[PDB]
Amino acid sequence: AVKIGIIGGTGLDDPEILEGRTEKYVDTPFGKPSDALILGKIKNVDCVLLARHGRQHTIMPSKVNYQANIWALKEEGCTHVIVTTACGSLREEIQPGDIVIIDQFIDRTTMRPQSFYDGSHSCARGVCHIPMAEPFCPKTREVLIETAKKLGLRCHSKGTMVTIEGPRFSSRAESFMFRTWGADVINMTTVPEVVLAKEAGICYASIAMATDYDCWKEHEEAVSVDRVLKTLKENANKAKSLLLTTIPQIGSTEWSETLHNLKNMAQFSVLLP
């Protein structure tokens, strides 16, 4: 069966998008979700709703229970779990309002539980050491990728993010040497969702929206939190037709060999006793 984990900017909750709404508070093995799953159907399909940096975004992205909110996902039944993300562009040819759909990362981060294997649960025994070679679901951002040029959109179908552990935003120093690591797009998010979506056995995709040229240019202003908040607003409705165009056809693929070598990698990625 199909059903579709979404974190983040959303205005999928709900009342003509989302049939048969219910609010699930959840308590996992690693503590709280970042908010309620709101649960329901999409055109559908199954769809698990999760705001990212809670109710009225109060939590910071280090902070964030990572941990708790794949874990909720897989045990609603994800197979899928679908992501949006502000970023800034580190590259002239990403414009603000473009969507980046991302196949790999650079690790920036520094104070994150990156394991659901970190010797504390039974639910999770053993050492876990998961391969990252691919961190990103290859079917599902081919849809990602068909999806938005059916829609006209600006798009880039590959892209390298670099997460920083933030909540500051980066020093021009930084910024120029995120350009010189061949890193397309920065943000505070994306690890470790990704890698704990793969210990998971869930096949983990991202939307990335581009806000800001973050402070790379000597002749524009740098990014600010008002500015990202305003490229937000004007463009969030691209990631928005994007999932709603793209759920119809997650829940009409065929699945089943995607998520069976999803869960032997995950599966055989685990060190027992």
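C-alpha atoms forming the largest set that superposes within 1.5 Å between two forms make up the rigid core. Numbering follows the first chain given and starts at 1. Compared with the form deposited in another entry:
- Shown in the overlay between these two forms, fitted on the rigid core, is a CA shift at residue 12 of 2 Å or greater.
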Second form
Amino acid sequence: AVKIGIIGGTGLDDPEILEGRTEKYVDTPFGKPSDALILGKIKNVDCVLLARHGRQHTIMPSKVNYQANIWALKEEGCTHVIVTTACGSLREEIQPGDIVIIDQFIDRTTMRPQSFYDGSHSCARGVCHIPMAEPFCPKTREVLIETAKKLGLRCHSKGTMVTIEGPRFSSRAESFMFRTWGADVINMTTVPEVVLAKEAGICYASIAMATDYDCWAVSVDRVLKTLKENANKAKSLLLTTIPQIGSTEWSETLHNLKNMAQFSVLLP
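Other form of same protein, the form deposited in another entry, not the form deposited in one PDB entry:
Partners and other molecules omitted; one chain follows.
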């Protein structure tokens, strides 16, 4: 049995996506999650929805409690976690409104805890050095790509996301530099969310939605405008993808993730 956690990004966190909804506030050894967990279903699959920035969007990227968010979903029984995120495009072919099923990342964050094993919590003892060669779940990404195709949506099969600290946008010199590094899209929330999911042994995948071309003219109003016009795409993709995930086998995949996570910890 699978249980899908869903973390909604800026203007991509509509609770009406689930049927038979029930609100539930929880606590974790790492503090409180961004907001209440919303329990429900999509067809016959159990899901858990969470707004990354809170229902009223009051939390900046640097202040999101990524540890609490991932821990709460893991504690609720989530085997998979599929998220949505607004991002800027660093490539001509990635047009605003396009979806990108990212497969790699480049870290540019500075003030964020990236591990549960900080030597100050009973629940996670020791030192953890988690592998990051393949940060996103290939099987989940494969289903997302095929589903976008069946839906006729403009979608890119791969892409490298550079995550900046924020909250400011990048300068033009930074924008051009990121392109030479191999980055394709840019945001402020992929890291450490993807890292902590891996430590928890969860299959993590991300639906990135391009909202602008950065500055290589971006502004809050421009970002919000593009999201309003295209949010239906991410909603349709999730509704159609989820039942598909719940109809296939994940025993072997989840076992391997559990092993990788367990054997990355160094005990005294």
